[PDB]
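Engineer: One letter stands for each residue in the lines below.
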Amino acid sequence: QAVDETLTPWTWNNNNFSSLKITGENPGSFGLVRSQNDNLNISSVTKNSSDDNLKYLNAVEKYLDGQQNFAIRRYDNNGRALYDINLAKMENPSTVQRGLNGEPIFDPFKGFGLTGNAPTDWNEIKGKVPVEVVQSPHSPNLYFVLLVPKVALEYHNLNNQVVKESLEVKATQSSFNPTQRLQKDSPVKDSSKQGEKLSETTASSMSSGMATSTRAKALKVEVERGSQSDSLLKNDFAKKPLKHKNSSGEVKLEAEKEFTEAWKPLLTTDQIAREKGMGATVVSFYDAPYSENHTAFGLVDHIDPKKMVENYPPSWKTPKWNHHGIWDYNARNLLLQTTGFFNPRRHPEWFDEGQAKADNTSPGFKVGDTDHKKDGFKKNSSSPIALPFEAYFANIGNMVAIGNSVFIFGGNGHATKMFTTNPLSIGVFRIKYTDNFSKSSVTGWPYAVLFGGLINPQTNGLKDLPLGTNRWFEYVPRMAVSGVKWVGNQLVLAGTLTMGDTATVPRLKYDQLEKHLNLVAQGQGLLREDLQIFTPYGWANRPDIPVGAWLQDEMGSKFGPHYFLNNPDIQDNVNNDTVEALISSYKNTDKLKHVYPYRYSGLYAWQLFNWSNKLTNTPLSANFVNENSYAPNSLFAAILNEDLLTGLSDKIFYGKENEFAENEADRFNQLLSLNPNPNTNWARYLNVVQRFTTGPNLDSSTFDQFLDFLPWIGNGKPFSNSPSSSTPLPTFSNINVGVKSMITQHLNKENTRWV
Amino acid sequence: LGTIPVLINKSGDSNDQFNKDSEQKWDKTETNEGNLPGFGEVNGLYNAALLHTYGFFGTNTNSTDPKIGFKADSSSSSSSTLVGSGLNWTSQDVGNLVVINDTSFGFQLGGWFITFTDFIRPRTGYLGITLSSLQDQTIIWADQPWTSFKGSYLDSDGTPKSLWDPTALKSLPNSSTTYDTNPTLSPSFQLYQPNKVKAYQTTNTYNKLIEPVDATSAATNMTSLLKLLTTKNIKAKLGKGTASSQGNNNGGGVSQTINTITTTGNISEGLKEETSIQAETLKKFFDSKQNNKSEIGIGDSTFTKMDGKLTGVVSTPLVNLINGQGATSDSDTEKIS
Amino acid sequence: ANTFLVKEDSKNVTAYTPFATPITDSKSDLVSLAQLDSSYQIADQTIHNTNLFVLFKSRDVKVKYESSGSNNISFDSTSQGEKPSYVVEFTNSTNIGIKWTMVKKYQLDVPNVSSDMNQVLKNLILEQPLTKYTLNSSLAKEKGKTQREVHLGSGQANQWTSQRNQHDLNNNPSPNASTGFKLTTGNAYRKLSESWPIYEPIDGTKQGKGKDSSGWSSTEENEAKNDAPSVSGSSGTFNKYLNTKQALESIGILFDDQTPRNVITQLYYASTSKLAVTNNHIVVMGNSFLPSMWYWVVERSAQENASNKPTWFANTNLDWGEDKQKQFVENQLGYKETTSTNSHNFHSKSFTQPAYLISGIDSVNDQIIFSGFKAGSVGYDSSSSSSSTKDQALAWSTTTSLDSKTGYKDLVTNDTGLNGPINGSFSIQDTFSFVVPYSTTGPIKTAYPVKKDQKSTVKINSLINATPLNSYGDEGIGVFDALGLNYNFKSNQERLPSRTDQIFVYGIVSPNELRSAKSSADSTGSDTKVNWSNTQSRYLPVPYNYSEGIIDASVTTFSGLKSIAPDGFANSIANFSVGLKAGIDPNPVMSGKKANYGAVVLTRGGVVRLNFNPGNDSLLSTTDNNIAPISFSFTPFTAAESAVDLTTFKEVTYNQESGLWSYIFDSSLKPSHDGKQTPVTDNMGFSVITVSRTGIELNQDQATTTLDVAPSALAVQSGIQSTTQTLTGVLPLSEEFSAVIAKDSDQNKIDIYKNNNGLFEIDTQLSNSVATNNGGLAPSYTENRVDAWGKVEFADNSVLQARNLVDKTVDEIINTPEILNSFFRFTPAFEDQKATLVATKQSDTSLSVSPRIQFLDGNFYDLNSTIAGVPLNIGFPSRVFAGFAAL
Ligand SMILES: CC(=O)N[C@H]1[C@H]([C@H](O)[C@H](O)CO)O[C@@](OC[C@H]2O[C@@H](O[C@H]3[C@H](O)[C@@H](O)CO[C@@H]3CO)[C@H](O)[C@@H](O)[C@H]2O)(C(=O)O)C[C@@H]1O
Ligand SMILES: [K+]
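Residue numbers (the UniProt record's numbering), protein chains in the order written: chain B, 59 to 782, 789 to 819; chain D, 916 to 1252; chain W, 25 to 257, 261 to 412, 418 to 471, 479 to 592, 604 to 937.
Calculated from the structure, these hints are not laboratory results.
Just so it is clear, CB atoms sit at the ideal spot from N, CA and C, and this is done for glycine as well.
Any given hint could turn out to be false.
[As the list claims (entries may be wrong)] In silico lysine to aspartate or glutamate, DMTMM-like type, Cα no more than 20 Å apart, as pairs:
| no. | chain 1 | residue 1 | chain 2 | residue 2 |
| --- | --- | --- | --- | --- |
| 1 | B | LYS543 | D | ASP1017 |
| 2 | D | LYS1187 | W | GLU533 |
| 3 | B | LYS79 | D | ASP1245 |
| 4 | B | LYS645 | W | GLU587 |
| 5 | D | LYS1085 | B | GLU182 |
| 6 | W | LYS643 | W | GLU533 |
[As the list claims (entries may be wrong)] For the chain B half of the interface with chain W, some residues (derived, Cβ under 7 Å), not all of them:
| no. | residue |
| --- | --- |
| 7 | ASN625 |
| 8 | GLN629 |
| 9 | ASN668 |
| 10 | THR704 |
| 11 | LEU730 |
| 12 | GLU814 |
[What the hints assert, rightly or not] Now the stretches of chain B that chain W is said to cover, found in silico as 3 or more residues with beta-carbon under 8 Å:
| no. | segment |
| --- | --- |
| 13 | 638 to 646 |
| 14 | 675 to 686 |
| 15 | 735 to 749 |
Starting from the given sequences, assemble the full structure and let the hints guide the process.
Structural biologist: Now the structure itself:
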């Protein structure tokens, strides 16, 4: 009960909490404290080869219960300690007694009435450590605290052969070489299947056009359902005249032949939900500084992973698949990349089997059979997105309270991060109270649906950032979270955020991988880098040409009229007489589409402007999404609807409006948007953000001027280089680089003099 | 965070060196003597300028020339790789959100404190951001640097503040123990691959895109660069890797953001246009202010030392307590009972 | 009036209490009371200074147009179709209950027609009305002649540069710009004396007869009929033609059996749809469904048995924002010339924009606000004989060029397309655009596509479209014009407006302005004109995300554009607007400034805010012409508001306490049958959209006298909706609560919806509490229950002795309301519901107390409360306390 001076205050790395300021009727502080003692040899808890992690983690918690003490003492308004609150050790623990209207029975000098019995699950809460504390905005003397297993603090002090990196260091006995891990060999035309390519348009409709040319025509693509029980009648997007290399066996993503001791979670999402001692907990409690009965508990809630994972969007059951489907799946697998939008080859932190499922196989859809008409149907999934131990504690921390409810926005991830492993906050939990605080409820939702209302009007920074989405939640935003607080009247969020993947929107020609090793390694999970890299000489004409169309100039002797290398100077001129042969005739239908005999080309900005998940002026608009970031690559802060965050229902209901197409005939005429069904409610959650910000309130090259103005912390020198013949040049801005000249000779040779 | 990578052909090792002088021509960007890569470079920026700002060649960052860099040659086929900046910070190194008044708020992000002062009420001619940088070389050149940050808080004199302790750092998961650890798994390490590239044209060098070649055996020609992938080997060649860094041996204590007024971040003479392009008039407006950044809201955080360990803070609406010490008799209230 | 009026049907208005109960005997057949026959129905109604103003129109109405004589428009007296529409003023004669009695009755007569007017009307032709079931491809019309075919001819664009000076087309880079669209195929066009068909073509590019009246009825009408036969419970194939007869009846088209009545009749019947009332005037305007060509300003002073005359819109000059914007519209109305003969159109006879699709109409202070869409009007060559543009409409994109100096003023005053075609397709370098890249020997000249040779002998007559598009031509610029998809390539990408297609129009009209209009309408002999100088226009396209699969980066045109339109329309190209409503901000303004007011109106994909300056009753402007007229703001709908079927709009209320607009949609308004004659089965239920204001409003503090950012609005689908119940009425009791009255089967039921942080949800316990009235006007009181009146427990009498209040007298206690709040403990049924005790002296030694309790509407009720003067007799208790002293 009374104060013990042997426990000293500390800051947790994952949320940076250490104290709460109490406000209103009796001010003061609560703060975290721990025992001062050194020589914490956790490696003495020996791990055998013949058993799983759970009995080891329970032995580490039992060891830490002996080796350390933790508590949450109260202080007065000047910082004098009042009472100790070591939750593992305090005398006569009880819940608070209630009147028939749910109110706690109280009188300030006596304190609260105690029932004389502890809350539910007391036999497994007593081992947990408290890590964040908050106060009710509307109810007097009422507080909330968040608790975790002590391994969520000690994770980096556990022994290194179980708390591994996602990549091995190796013994380097043959000397080191970074090319030995990379799957690298490029695909080739099939020696026994050359003829299944797209057909050339034998006659093309006039459409009241007039001009003509000698060049080869556009290529037809057709899809239709037929009458057969398990096959289409046509499916030209599912053609496969390319195949992988043989180099002492076939080159492919095949985890069991690469990962000899595959990296895996400390616990799976279905373990943490059922092993009630390993899940995080929130409790309500009551406190008064000068009473006889100064402190007692309210109610206990589990921050259950299933209350987050069962609220993932329907597509997160099949993270190896996306709404473009068969052609995009094949083009990614041919380039040895991650298929879908979230697979574990890049993102193992959210999967219960970690690296052991780092493959493109069995994506929840029928693919790779002997006939293009037989591929392209929905089936059972091989691996859904989960919430395993490492991602779970990155989704814990950063609390706030609003009305009769309290929240958890997740941490920065420094609970569970490793040098090749990037767990993050992927959303928000809420805990809600009912029957005048007699009862409670718990839920959570991902940022992917909560950010769905973002549009270009909602920021004073730059426009068109890779933050857009559509009717399928295949864009997956996640954050290292700085916190949530009241800025005067406004509720505000801050941190760092994942964009969509900007490094792989431009795409390679199929054969050239052996001269582009970094650009494939950056897609392979071997290089975990999100920065954009200059590589234009090896890109194809468009990111979205289907794999059946590519093999139209294997010699390069026609400069590939339908598909060739991205050089900007040798683009086909549409002029105005040219269009009738190359586009101004090839009309599409409800079963027929075309690939044009036109040499498209352009540099990195034109690639992103066409195929990035850019923001726009209206929500759910972004039909193109590439892939999701390794790590946070944006600043982020936002203003929230605190009312709507209080008003939204506990359970999100999705429906068939968020499902991928069941077969490819529904993919050919695929609906871009739909109204919510009568039973569903997902569209209500889109609007929790009012406004957001990302950097300086500057436009165009002016922003590159700010990038040049700030000092580099390693030497105190600005990247602009101007504060001291043969002087050096700046890096970000173009001012004083090279020479001035007039743009009057460029492109159209017009408007430049005045506009 | 200071962790943009740079592209390299050449290390500080014997006969592998690249020079600040007689090997780079800033006045002649039309030819290979300007050393622009044309392949494998980070988008939007320029590599040789970034190498100069890092000081990988010349006496800019160290008491003698480290001789690390990139060169374009017309005599032979050549090899390169990306390498790190020498810094180990990362974008997950974000600390406490703190609110200063009814409209202004900020947070710690690695070696910086950042403030979003105008987000609730924007204005014309204001850039909307302020930034304060840490100075301590013992923190900035550490191997796991964010572990030295002890928390950030609002203080009752009207400023945000933070705590640091140079005694809090620890070694990597192993000390190499018995073998030459070239791939030291660490927060700025990556498995960067060889890029192999054809000879540059001696004149009219950039009239066409630069052409890469089969890199699948290229690693044998570039073993010095493969050793330079680990940040500790970059720091060693920059003279930062050991006690040659100097400064305070201990020196934990308190850090504070720069002073501010209603004029701070007003750049209205660098904003808008009437003669030229807006970045160029902002560049003119910045050039006379390179030695006076604090009125732009850009600068270094002030710092004071403390005795003993820093473990954390606890906070009240009147006072902040360090390790739980700093309380007072409340002398203005003694006579009331 | 402490009541809500509910239109139970086409004839009956019943008054409801805040307890969602009818006031007894209040239910009144306003048709019968207006001494109108059983063919009349209520179109619109409004309260002004506590009297009820009703607009009635007749299903029996028959109008005629005879091109000769000159009382050209008249009612058809023969049979029984002399059935003009009436406005009627009713007053409540009783102070207990509701006895509506008739005060003033005004007939809405047919327009006078001048000579100049009747020459345009002779050959005026009108497009068949757009419906629910009209497709992008139904609208689409066959592409007309190129500018260089019209002029030079069959022949070459190798001579385009030698020749364009000899036809006033100097420096014109657009030999292939379209001069418009063919009237031999598509949507039926018809004169005032003809009838539209019940059949709409699926591909109007192929399947219509357009203005080919004679061709329709001898060939293509039998095809349409055999392909698309009316139901008869038949069923057919609908390969070439939808059959929209029931969708037609739905939007107010009238019928002798299976044939619609003449155009002039449907014009009149639509024209008398909406009303508004000021101290001096009744104004009457048309619906959002047909174009209207006239409106009424009735002088409320008008003698008892008079014939109030409508003012033509062709005689009503608006300010479109800048003179150029007027010229754009007037240039494309038709060919003007002193040189031509019998070639008469609105432009050639010096009329202005002749027709609007009106959103609706309201009054604030003594001001009429209106808004709507410019109904497309263009010239068409009705020539007979080798006329190249024969049977062709003369229309062109007027969309601002790429090089246009940016900033609004510049954009809308750009000389691009001003006098003729300029827009088509352009492949500069390798960057496709439909819009001219620039607008050098000298400056670019545009000309009207009637070749100099035929200038004397040509016949260009006026038509009106069914929609806000001028140009139906099946080229790619038409889609981009209609969808808002033309953009510049500068360092901002500001969107390039049209000034002829998709043009929204609003204003505020002063009582002097309504006075000219009445003057135009009474004008002896010639056409008198009216200037309305408090108006603006705005390019307001339908949203591009209400379509799919548009090509960029076989260009997509109207005949191939794919609709995904969620808002109850097949088509995704023609904008629509409905339920304009004004309202006074309740939010205080700085003293010595007058109360703020706005209006809002729904359009496809968003709510529009109109903003006013109460100071001089003007549109809000700001000094800069760079920022765009600050009188208008557009806030786009989310998925939830986009999903509401806008063709089901029933009514819009504004509440001055909440400062909130309620838009009621009733799905019982859907037609019985599809265009394929399939029974329509989602005709059950209703929906409410709540509009609020957003931004910094005028005159908060010294800073907000000046504004350079337009205030806007926000439409939220509130949560009050149903796909099961039949609506009677929605009573917006308060910001926190709405009462819905509905039938599940056939009896009325009361649901209460409670606002939870911006989202309304049913409260089943409060619904049951409110609905338990036991046949009374208000919810029961039960002592032992937290009901609609909360719960009141009285102190025991023994409290007086314990607290020494026996030493206080009755008069002391009775004048000490804080003492007598200590005589009960109150449990609210909803948060912040309040209650007090009213005290009454009973003897020297004793008093009684009786609770005064707030209901859902924020109002206090007690034993003596009335609605409409009728005691509610709710049943609050009384409680004696006794033992107080006499001093
Ligand atoms: C909307 C429109 O008509 N655009 C036309 C453009 C436009 O004027 C420019 O792009 C603006 O910079 O002009 C085009 O034509 C110019 C050339 O025409 C050639 O003649 C062709 C003709 O173009 C074709 O329609 C039919 O065959 C003719 C040959 O018999 C001339 O030989 C050449 O010198 C140019 O004048 C263009 O952009 O090419 C046509 C566009 O439709
Ligand atoms: K009661």
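Engineer: Now tell me, hint by hint, if it's right for this structure.
Structural biologist: Verification of the hints:
1. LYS543(B) with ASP1017(D): Given that 20 Å is the threshold and the Cα spacing comes to 12 Å, the pair holds.
2. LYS1187(D) with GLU533(W): holds, 18 Å
3. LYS79(B) with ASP1245(D): Cα-Cα ~18 Å, so holds.
4. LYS645(B) with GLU587(W): Satisfied, since the Cα-Cα distance of roughly 16 Å is no more than 20 Å.
5. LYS1085(D) with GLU182(B): violated, 33 Å
6. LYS643(W) with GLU533(W): violated, 36 Å
7. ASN625: It is violated, given that the least Cβ distance between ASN625(B) and chain W is near 14 Å, above 7 Å.
8. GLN629: holds, 6 Å
9. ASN668: holds, 5 Å
10. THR704: holds, 5 Å
11. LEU730: holds, 5 Å
12. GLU814: This interface hint holds because 6 Å falls under the 7 Å limit.
13. 638 to 646: holds (count 6)
14. 675 to 686: holds (count 5)
15. 735 to 749: It holds: at least three residues are needed, and the segment 735 to 749 of chain B offers 5 whose Cβ sits within less than 8 Å of chain W.
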